[PDB]
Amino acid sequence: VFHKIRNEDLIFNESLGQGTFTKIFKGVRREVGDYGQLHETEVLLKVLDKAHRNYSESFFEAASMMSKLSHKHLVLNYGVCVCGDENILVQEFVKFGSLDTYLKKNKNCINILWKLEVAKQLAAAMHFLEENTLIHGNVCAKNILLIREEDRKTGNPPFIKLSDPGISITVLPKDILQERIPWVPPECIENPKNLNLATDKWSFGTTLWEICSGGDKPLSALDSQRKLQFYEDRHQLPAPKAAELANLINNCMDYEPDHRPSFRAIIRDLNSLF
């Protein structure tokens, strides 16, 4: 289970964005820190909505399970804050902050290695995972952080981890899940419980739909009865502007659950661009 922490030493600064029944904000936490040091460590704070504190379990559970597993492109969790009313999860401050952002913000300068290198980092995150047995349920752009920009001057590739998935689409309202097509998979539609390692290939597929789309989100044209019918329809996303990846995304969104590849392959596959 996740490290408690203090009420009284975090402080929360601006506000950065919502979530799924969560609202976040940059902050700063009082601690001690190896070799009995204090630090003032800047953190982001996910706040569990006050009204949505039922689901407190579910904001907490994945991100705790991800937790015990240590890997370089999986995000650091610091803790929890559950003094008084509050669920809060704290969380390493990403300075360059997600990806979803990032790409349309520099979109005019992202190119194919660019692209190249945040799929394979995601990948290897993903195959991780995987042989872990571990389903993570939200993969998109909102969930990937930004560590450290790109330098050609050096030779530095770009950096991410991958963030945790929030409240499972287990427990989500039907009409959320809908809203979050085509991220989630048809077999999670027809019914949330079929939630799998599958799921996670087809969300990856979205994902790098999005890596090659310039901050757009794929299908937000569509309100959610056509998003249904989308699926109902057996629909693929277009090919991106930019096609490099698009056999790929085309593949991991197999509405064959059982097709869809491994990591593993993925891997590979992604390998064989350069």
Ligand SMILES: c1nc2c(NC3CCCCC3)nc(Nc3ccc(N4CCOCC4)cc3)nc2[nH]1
Second form
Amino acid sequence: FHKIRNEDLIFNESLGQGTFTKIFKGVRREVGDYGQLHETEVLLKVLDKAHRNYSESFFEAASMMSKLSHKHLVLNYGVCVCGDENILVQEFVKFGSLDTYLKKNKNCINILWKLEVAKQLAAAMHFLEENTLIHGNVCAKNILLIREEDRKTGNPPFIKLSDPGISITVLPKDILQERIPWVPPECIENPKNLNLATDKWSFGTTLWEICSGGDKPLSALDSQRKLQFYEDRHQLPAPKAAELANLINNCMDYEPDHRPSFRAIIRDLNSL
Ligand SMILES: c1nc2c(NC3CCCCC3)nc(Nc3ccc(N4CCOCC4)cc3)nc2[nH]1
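Structure of the form solved in complex with this ligand, please, following the form deposited without this ligand?
Let's see the whole complex now, leading with the same chain.
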């Protein structure tokens, strides 16, 4: 990772929090191409000091996203490690997270918008699958909107996938359980079971989110009831906008080997 000086980072407004993290908008002072000085908007992700013993997995998650270059993956700019502070410096994405956007605009996002975003997510996941790279935390909170639909020029929305955060292979079991039904049943059974098939299941859950106006599936269930939902081999209810319900259920197959390839998923989306 490129090291960024603490003195070159300005922290501004809080945008939210993740698992053991706090997230801020900020500014990076840098020398750009041609030696020109710039002050650039950036996303600053800060690992909680109390959880600094997770720093390796915190940074490894961003490393994954920088292994490859792709138009649908958020860019990492560098890191700042100062004292007990572990900071990831990333691309600031203008319109924020997809789950909040879907809720704010639930009454003016139509099925073609949802389909285009699903296709873009599937394109990203196909790229990762071809590179045998596991993401491990596909969810609408980890999708960011670079630009909105422009109905007048026929320009679609454009999304990027963000880094997965600290891996479910090291997180406390209670956090994995709270993340049902994004975490697949085999990973609840054994977090070592994390596999490319993991991301097909989570992709299904994320499609459910995309079709549900920012509702969170099973949010009314406490953790014990979420665990029992998997024990009973239940499926999520069809979204009211049900056009992708079959694909959701095909991806959320309790048998990992039966989940479709992302090539097959894209074929299904393109046939709609
Ligand atoms: C990598 N990770 C990113 C973000 N993650 C946030 C993490 C906390 C919840 C909101 C998204 N936000 C980013 N930008 C935001 C842009 C607008 C935002 N909102 C717009 C709608 O009104 C609320 C703020 C929020 C975050 N960019 C980014 N790159």
